[PDB]
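As a starting point, one isolated chain is supplied in structure tokens, in the form deposited in one PDB entry.
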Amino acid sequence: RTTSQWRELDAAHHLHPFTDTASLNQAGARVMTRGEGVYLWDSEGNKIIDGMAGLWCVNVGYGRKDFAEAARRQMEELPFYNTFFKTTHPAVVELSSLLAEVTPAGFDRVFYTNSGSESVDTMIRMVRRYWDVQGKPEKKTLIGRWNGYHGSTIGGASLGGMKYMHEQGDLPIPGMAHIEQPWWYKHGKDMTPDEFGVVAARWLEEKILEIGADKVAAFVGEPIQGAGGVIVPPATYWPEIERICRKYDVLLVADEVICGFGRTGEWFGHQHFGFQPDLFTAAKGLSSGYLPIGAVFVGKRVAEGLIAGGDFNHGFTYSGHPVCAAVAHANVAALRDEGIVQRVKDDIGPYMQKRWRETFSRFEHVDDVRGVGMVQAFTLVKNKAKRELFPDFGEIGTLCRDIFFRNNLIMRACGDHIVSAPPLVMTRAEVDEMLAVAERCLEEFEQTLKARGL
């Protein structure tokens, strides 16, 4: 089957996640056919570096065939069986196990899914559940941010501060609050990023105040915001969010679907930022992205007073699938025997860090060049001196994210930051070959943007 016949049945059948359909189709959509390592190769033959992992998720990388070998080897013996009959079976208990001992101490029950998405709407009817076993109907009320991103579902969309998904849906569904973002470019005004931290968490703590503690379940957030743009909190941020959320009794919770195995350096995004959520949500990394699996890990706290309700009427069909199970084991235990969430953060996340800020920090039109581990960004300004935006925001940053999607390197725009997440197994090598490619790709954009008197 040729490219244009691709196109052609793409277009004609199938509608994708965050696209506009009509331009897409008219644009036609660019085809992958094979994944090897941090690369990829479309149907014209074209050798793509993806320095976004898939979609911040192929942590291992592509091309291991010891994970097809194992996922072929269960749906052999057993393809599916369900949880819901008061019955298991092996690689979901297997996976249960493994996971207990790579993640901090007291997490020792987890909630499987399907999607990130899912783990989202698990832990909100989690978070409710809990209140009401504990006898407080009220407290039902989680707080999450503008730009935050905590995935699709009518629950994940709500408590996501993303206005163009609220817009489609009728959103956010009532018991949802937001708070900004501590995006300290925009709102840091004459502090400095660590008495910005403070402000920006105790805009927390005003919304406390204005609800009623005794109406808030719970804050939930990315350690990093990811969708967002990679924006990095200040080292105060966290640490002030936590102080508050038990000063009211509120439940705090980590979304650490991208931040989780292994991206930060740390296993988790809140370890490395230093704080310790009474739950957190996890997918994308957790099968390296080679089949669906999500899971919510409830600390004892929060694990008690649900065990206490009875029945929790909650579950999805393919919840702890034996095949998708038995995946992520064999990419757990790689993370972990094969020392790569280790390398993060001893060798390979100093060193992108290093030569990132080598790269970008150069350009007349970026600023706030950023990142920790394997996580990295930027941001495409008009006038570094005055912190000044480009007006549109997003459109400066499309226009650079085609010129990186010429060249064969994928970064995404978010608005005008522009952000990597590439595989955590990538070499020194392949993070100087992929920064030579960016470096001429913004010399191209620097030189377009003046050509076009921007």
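Residue numbers count along the first chain shown, from 1. Superpose the two forms; the largest set of C-alphas matching within 1.5 Å is the rigid core. First, how it differs from the form deposited in another entry.
- Of the candidates 203, 290, 318, 360, the Cα that moves 2 angstroms or more after core superposition between these two forms belongs to 318 alone.
- Once both forms are fitted on their core, the CA shift for residue 189 between these two forms remains under 2 Å.
- Relative to the superposed rigid core, residue 97 undergoes a CA displacement smaller than 2 Å between these two forms.
- Once both forms are fitted on their core, the CA shift for residue 68 between these two forms remains under 2 Å.
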Contents of the next structure:
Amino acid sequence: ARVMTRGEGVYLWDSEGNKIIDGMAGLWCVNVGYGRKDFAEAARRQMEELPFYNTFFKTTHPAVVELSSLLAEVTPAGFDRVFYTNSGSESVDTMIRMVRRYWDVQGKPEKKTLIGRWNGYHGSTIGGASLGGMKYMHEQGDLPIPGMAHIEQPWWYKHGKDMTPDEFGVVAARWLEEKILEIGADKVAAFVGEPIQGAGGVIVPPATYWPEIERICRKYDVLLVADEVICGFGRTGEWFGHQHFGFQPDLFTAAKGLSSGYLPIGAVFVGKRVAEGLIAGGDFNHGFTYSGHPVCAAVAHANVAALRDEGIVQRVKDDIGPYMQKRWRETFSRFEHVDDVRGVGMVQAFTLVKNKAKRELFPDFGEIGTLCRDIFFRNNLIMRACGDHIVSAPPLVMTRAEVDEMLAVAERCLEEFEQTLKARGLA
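What would you give as the form deposited in another entry, now that the form deposited in one PDB entry is on the page?
Chain only, nothing else included.
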């Protein structure tokens, strides 16, 4: 069929010469777009010159030292300890072990349960798939493992009932309290959440949600962990998604955001309280000192430098983010089977619905999303279909003109979509 032949900026090309507008590469964290020659050079040099680690060497690799130094400058107050891995899935798994070790060290070994959310996603390790709330992943491996619990997701469109979003955000956060009390606070180690659920369909919680979650976590002496694997490194306009929603996690996980997707890498960023805890047990100290594939760290360093020095993150907050959000809602809000148009910064979405009046979803959630996605692709546009949610997360460097080009095509596709719907009486 059609193979990929080239990537540059926000586009990729196929073997037939088609230019494909990549409206989703940020879900794989390609935040600065394709074709960065300087990143390629950063990798080339490190691979030619240096070893890939070995030991005894009282030192941390110079590529890693530099990356760590730079990250301290761009992360929020209190994150000055970073543990490197090879992926977001590994970062999640390491985080689970850290959270449990922290409580062990505090002399509370029974505090082992982590609480996630249905439709949350935290990667594909046994630990991560257990903490995530995708039912199809739980079946593959008799998951979740012990010390994993789940609460319903803050999806107002489905569960918001007769409530305003804001009233719902309180109710949905209180589900965490209910679960903690059910399990017992002294068996609960942490609550873990993506600031905006990514793979679950860009579920943007109400403004009252995260503050209520945080309040509840502190009330019960439970750690708060953000999974920033999608939302970090400028996706919401802030450097990290938790900054946008105004909560303060005790740890947070990131992945290819570090490298804009150019090479595999992940990290766990550990706040002061937990860091002091772990080091006191002498734990994770070899990881903190020797973690990080130096080639990937070299690319990650060039990337984070670029995001800062080129003003890419600031440009999402001030310029392209507001432009995108306005243009997104302008384009999609009018369609008959489009509802819950949403987004922050450079992540945005809507849901294909049976009936906007009744807030009624299509049956066999996903079938209609697939149809819309298929139309997009026939028209040389990629966006992600998550059930009947259509989601977009383009490179952060996307211009105002590229935004319009993308939305012009998407608009044409929705017009076709609305017609195809009626034409088979699914409307």
